[PDB]
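The hints should help you fit chains B and C onto chain A, whose structure is shown.
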Amino acid sequence: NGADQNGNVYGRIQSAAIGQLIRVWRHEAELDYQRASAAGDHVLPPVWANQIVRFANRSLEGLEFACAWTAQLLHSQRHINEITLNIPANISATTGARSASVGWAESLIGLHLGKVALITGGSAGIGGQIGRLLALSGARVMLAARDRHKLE
Amino acid sequence: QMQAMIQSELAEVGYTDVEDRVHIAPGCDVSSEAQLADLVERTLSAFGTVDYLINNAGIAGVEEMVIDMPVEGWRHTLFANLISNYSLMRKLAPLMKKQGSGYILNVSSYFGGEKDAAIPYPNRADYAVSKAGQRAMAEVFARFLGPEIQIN
Amino acid sequence: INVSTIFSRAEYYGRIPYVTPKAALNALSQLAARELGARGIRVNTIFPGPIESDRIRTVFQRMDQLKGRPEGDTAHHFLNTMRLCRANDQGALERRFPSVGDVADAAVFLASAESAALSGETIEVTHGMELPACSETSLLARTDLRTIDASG
Numbered sequence: 459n460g461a462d463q464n465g466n467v468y469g470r471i472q473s474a475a476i477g478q479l480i481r482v483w484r485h486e487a488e489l490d491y492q493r494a495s496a497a498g499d500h501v502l503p504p505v506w507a508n509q510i511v512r513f514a515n516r517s518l519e520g521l522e523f524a525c526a527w528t529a530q531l532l533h534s535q536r537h538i539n540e541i542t543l544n545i546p547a548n549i550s551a552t553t554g555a556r557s558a559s560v561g562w563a564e565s566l567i568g569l570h571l572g573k574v575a576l577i578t579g580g581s582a583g584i585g586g587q588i589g590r591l592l593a594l595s596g597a598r599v600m601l602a603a604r605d606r607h608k609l610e
Numbered sequence: 611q612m613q614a615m616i617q618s619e620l621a622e623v624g625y626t627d628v629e630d631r632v633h634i635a636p637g638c639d640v641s642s643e644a645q646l647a648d649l650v651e652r653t654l655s656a657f658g659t660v661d662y663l664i665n666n667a668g669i670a671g672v673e674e675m676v677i678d679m680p681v682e683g684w685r686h687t688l689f690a691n692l693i694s695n696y697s698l699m700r701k702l703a704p705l706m707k708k709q710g711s712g713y714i715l716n717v718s719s720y721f722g723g724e725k726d727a728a729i730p731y732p733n734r735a736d737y738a739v740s741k742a743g744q745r746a747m748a749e750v751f752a753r754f755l756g757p758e759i760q761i762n
Numbered sequence: 154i155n156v157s158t159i160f161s162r163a164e165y166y167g168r169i170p171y172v173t174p175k176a177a178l179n180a181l182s183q184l185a186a187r188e189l190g191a192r193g194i195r196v197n198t199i200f201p202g203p204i205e206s207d208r209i210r211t212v213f214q215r216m217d218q219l220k221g222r223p224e225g226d227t228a229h230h231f232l233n234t235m236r237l238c239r240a241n242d243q244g245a246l247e248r249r250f251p252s253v254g255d256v257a258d259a260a261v262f263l264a265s266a267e268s269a270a271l272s273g274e275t276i277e278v279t280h281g282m283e284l285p286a287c288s289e290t291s292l293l294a295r296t297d298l299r300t301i302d303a304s305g
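Read top to bottom, the protein sequences are chains A, B and C.
Mind the numbering: the first sequence is residues 459 to 610 in the deposited numbering, read in order.
Mind the numbering: the second sequence is residues 611 to 762 in the deposited numbering, read in order.
Mind the numbering: the third sequence is residues 154 to 305 in the deposited numbering, read in order.
Since the hints were derived computationally from the structure, they do not count as laboratory data.
Using N, Cα and C, we set each Cβ at its ideal position, and we do this for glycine too.
Worth double-checking, as some hints may not be accurate.
Computed cross-link-like contacts, EDC-like style, restricted to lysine to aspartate or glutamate with a CA-CA straight-line distance of at most 16 Å [unchecked claim]:
1) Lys220/C / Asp490/A
2) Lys220/C / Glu486/A
3) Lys220/C / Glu488/A
4) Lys707/B / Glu758/B
5) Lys725/B / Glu749/B
6) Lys701/B / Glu651/B
7) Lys701/B / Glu749/B
8) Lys708/B / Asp661/B
Pair by pair, the computed Cβ-Cβ distance ranges are [stated by the list, open to error]:
9) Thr300/C / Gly460/A: 22 to 30 Å
10) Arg192/C / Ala563/A: 31 to 39 Å
11) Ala667/B / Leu609/A: 32 to 40 Å
This is chain A alone, in the form it adopts within the complex:
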């Protein structure tokens, strides 16, 4: 039930049913894989299944976060012992950033944390770009130029 902002009871009943199904299915696949390993047959590892809940979201960015975690659980090596994973009603748990995301800088932040930088003529152009981009890297920037409005 990606459906949100209304509250659902059929959603809860579906969540309980699917969670029980996932639990019993994981147990089935696990013991089946041990049976196969005892038989020595090269068989696929146990089926790993999980559930992602969304109704418990009041915000807009819940769908993208849920899709990102869906891809994360699908593609990576990550395992989660619990079957049901709810989404917090307000995404104020890891900074904010909307789409965080990764694009246009993640290789950049933290490279110059702890430094102090004074740049001259940073009103616009290359000076503004270097000041801003180094500021995102974690240093403290001291923008000096003539026109006050462009600086602010």
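Relative to the frame of chain A, chains B and C by itself:
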């Protein structure tokens, strides 16, 4: 050994299926054109179109005086350090210009010279001349290989 | 008063059509209690464990064969899940299956006016079955999608 350590690092840093991310084509001596073609076909079969060509393979050279240098050593140094670069450039250029993107990076050395400024480097004329030849090849093929393919 | 089964929250093998609808029934019981609170009808749920019967013995043997385990391991496990001992016919304390009379006494408790202040609660006639009530978490950190490779 290098591949094992690299894949260990990749597995540690969170990547998945390291065995499909680092392949080896050892036993390919840069001094043979046929071995260069074999390396090209192996890389094409393994990963398809190749974007980055990091030509780093290079030996010290004859390690003698110019007046004590046999011509066969001169030819071997030119083949290993200069000819192979254009050979691999020729074999890898068609794909990069077909897909509209590409980059070849040749490992030069400071002791070979610079534009409008040469640098002596005794006992080692072959290395210097070959290295400056690599630099010249890059600086002159930048025009014709562009804008699809970079050279540096 | 609805009689559900405790195995709706345990590792209960080979019986999805038996376990899933009962968990859905528990959720329906909670929601129906909420809705019928307004109209003034009391709703109560009971969780009887493995009750003394021939059918449950056949069920345990079936689980034993389907798991590929010797007979009695299912009984030993679910009896280990208990905490309580009751005096047997000879007065000795042992771990044994709860009887139908206990469930009937609890049900007549819930039905009668003596249980007026109870609404949507759950009582377990289980001799102390210790099972995980639920397995739930929340996703409080954003996804790291840079290292994810989904080729092929």
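To see whether the hints hold, each was checked on the structure:
| no. | hint | in the structure |
| --- | --- | --- |
| 1 | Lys220/C / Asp490/A | holds (9 Å) |
| 2 | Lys220/C / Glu486/A | holds (9 Å) |
| 3 | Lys220/C / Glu488/A | holds (11 Å) |
| 4 | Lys707/B / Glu758/B | holds (6 Å) |
| 5 | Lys725/B / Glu749/B | holds (10 Å) |
| 6 | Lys701/B / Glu651/B | holds (9 Å) |
| 7 | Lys701/B / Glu749/B | violated (19 Å) |
| 8 | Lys708/B / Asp661/B | holds (11 Å) |
| 9 | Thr300/C / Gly460/A: 22 to 30 Å | holds (26 Å) |
| 10 | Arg192/C / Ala563/A: 31 to 39 Å | violated (59 Å) |
| 11 | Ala667/B / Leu609/A: 32 to 40 Å | violated (52 Å) |
In the structure shown, a violation is registered for the earlier hints numbered 7, 10 and 11, in ascending order.
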